[PDB]
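S.K.: Each chain, written out:
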Amino acid sequence: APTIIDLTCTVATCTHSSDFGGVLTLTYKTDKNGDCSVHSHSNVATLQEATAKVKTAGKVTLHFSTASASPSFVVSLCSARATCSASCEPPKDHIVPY
Amino acid sequence: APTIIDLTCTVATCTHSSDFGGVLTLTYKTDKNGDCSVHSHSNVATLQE
Amino acid sequence: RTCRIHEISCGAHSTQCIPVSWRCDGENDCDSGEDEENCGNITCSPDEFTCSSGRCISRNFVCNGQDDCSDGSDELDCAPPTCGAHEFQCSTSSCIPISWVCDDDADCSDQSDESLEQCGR
Amino acid sequence: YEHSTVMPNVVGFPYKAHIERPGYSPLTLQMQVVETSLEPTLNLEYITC
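Chains as they are written, first to last, in the deposited numbering: chain V, 293 to 390; chain A, 293 to 341; chain C, 111 to 231; chain W, 1 to 49.
Same shape as in the complex, but just chain V:
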């Protein structure tokens, strides 16, 4: 498994809508390129994908959907951890077919 050190999390945009209306960016430092299993440890926010490609560049992105005004959840990438908190604005569409 790749060794992940100093993992930080920031949220680009958030909108608590039924579709996946969140963009999440992770910074990390690695030694080798591999595959990590990404999970979120709360049901306030639901990630879209299960595995991500970690590269020597030091940036991966994830998509999450949330329904709370201000989420706060702990996301893990292989063995690392972080705390992401964001501010989300309501969506404008009244009704959706999904």
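The hints are simulated quantities; they were obtained by calculation from the structure and are not laboratory data.
Don't be surprised by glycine CBs; every beta carbon is placed ideally from N, CA and C.
Please note that the accuracy of each hint is not assured.
Claimed, not checked - The calculated label-pair distances, taken between Cβ atoms and stated as ranges, are: (1) C:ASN174 <-> A:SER334: 40 to 48 angstroms; (2) V:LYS384 <-> W:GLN32: 23 to 31 angstroms; (3) V:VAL366 <-> W:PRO26: 28 to 36 angstroms; (4) C:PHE171 <-> V:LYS345: 53 to 61 angstroms.
Claimed, not checked - A few chain C residues facing chain A, derived, Cβ under 10 angstroms: (5) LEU186; (6) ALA189; (7) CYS205; (8) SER209; (9) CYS212; (10) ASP217.
Fit chains A, C and W to the supplied structure of chain V, relying on the hints for placement.
M.R.: Coordinates of chains A, C and W only, in the frame set by chain V:
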């Protein structure tokens, strides 16, 4: 015109004679290379060029 | 650096070692896209550019100043760099004012500005 | 995405509007009044010659 920053002026040799008896050196940092205009703002010393 | 027993090198000039699973996986994991070259026959892959002719060239041959697509599609929508409309390019690739070409001073580090071929002397 | 603004009634003035959607990158429009025309409503009274 080229942009000049951090101008420092040093004098190597001087001799107050009738002909141009001084040598002047300027160090700077520029972004591009081109032509500047050189002038001395006091009449105590007159530049040749 | 010899790559580990389960890693492959991204070409003879790359220090990048990708997992053997990342060769022909449909993502450009190599800096050159060489991992996606020579996979599905000619089947264009993520490290290859699709010519308008239907040919696959390496993405490294897009905007290299050569017609590798044989239809010039690889040289369409690029961005060629040079000196400005008032600058002369030295053979060392430095730009000088056109006013400093053939002025009997060596403003180019290689004297290209004072070159007998350029000055028409 | 509904939006509203107020733009001056000056011919040739290059009005630019900034639309900043929460989920997307901001956008800038440009609106310009090339020509204006004010039409009254007329009721003929009589004719003289």
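S.K.: Compare the structure with each hint and give your call.
M.R.: Do the hints match the structure? See the list:
Between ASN174 (chain C) and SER334 (chain A), the C-beta spacing of about 58 angstroms breaks the proposed range 40 to 48 angstroms. A C-beta distance of roughly 29 angstroms is found between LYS384 (chain V) and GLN32 (chain W), which places it inside the suggested range of 23 to 31 angstroms. Separation of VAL366 (chain V) from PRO26 (chain W) is about 32 angstroms and conforms to the stated range, judged on CB atoms against 28 to 36 angstroms. Between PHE171 (chain C) and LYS345 (chain V) the beta carbons are some 25 angstroms apart, a value that contradicts the proposed interval 53 to 61 angstroms.
Taking 10 angstroms as the C-beta contact cut-off toward chain A, the hint placing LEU186 (chain C) at the interface is violated, the least distance being around 31 angstroms. With its C-beta approaching chain A no nearer than about 21 angstroms, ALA189 (chain C) sits outside the 10 angstroms limit, and its interface hint is violated. With its C-beta approaching chain A no nearer than about 9 angstroms, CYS205 (chain C) sits inside the 10 angstroms limit, and its interface hint holds. Taken as an interface hint, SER209 (chain C) checks out: its beta carbon lies about 8 angstroms from the nearest beta carbon of chain A, inside 10 angstroms.
This hint is violated: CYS212 (chain C) has a C-beta 17 angstroms from the nearest C-beta of chain A, more than the 10 angstroms allowed. Hint status for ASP217 (chain C): holds, given a least beta-carbon distance of 8 angstroms to chain A, under 10 angstroms.
Hint check: violations occur at hints 1, 4, 5, 6, 9; the rest are consistent with the structure.
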